[PDB]
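The chain that follows stands alone, in the form deposited in one PDB entry, written as structure tokens.
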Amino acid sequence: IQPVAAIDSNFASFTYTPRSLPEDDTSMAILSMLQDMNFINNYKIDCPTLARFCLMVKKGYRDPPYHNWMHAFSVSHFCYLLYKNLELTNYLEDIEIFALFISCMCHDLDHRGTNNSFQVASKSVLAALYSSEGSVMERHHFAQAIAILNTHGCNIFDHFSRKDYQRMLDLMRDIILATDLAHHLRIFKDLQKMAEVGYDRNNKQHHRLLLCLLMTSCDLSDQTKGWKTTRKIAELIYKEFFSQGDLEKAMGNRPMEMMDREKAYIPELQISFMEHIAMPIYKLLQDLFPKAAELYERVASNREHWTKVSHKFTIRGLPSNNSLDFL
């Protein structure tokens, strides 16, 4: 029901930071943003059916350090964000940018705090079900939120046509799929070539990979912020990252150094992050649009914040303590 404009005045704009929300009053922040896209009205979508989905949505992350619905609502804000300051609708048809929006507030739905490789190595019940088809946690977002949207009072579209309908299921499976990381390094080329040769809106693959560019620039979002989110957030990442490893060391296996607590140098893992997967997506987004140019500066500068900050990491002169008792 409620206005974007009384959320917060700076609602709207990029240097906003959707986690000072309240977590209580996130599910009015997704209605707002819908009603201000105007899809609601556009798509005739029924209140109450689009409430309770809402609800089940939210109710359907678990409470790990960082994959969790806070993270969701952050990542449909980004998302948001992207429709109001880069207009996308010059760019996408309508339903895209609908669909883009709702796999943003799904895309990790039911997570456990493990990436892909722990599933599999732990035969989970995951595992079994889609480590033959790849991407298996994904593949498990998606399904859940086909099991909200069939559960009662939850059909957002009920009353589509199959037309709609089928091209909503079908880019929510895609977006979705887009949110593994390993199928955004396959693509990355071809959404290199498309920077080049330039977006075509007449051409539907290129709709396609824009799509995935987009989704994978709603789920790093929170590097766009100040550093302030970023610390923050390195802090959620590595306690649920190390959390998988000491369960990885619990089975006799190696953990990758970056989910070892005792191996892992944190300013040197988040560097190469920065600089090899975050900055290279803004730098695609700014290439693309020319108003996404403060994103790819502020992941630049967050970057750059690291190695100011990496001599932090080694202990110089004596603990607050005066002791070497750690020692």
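Positions refer to the first chain, counted from 1. Whichever C-alpha set is largest while still superposing within 1.5 Å between the two forms counts as the rigid core. What changes on going to the form deposited in another entry:
After superposition on the rigid core, the Cα of residue 22 moves by less than 2 Å between these two forms.
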The other form holds:
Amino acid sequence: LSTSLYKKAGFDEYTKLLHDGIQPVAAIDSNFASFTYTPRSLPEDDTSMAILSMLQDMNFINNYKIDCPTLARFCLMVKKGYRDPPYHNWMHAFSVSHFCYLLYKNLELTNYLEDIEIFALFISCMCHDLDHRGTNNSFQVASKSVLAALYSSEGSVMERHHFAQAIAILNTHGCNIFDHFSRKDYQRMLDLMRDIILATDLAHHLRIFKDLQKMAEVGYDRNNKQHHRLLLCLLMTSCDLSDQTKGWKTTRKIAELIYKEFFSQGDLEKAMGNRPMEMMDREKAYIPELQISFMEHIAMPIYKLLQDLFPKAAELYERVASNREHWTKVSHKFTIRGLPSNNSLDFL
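Mind sharing the form deposited in another entry? What's above is the form deposited in one PDB entry.
Just this one chain is shown here; partners and other molecules are left out.
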């Protein structure tokens, strides 16, 4: 059960981060603003600077007169706010935030959303899985956790906690990046962060799914407030599952990370005398079939809606579909349940 222990580095580098100023994105990588960039390739120590670089390149620092030392401290607090499970760690939040930046650069989001909405989307991406324990919402309820005691009646247990952790960082002395905003705009930011983070609960996505389809059918209306809110939910889910839009090496490695995390939850449930979900049981789970189901029923419909709303997003949908075909190829040359004994899918 030791593989279920995921530590926090601190409790709920700064001058060093701003010593040479904020780096222009092209200096980080000429491919930084491309859908072919793999943000998980960036060294972890360079991710805080890349966050500042993206906020600078999207002109949020200048447009909102964000204090750079406060932003640097906020970025470091958010990074330190993640534990170290195989998948739900800072590198996942960083990669999700990078995808938000890619949508801004490639889909020209400023023609669909308000500046404040795009800013909130990016901050929400950074914060959206804060303090994740490597377990799902059902586990919180089963383990009778403090998080389930605080939030289980309302659903979205972990997501309500991620939002609460994001707010606690803003409330930390020297970390409130938007404390200069008007009362109306500060409230708008908090409401946006709450809605966007809560949109990462798959149960929420499934409830609003028919409304997202209706919006894609009738066409996006930039004057429709509900369309802005539905679009932010869609974009957030697309950032959260963006590893599926990268190359085969990325989808293969992320299956390794997802199933190492899920199987550790399954082992922990068995230790507690409970029968875990099939996808979390290393003795029952058949990864290629589970991956094909996730891709066909959860990921591909999100990128299909994205393509329906933004023709320039067609390449993302095509890549997700291509990765699904690669998993179908794998299913005719993968004869094991769970992960291999060495916990590696490198042989694929």
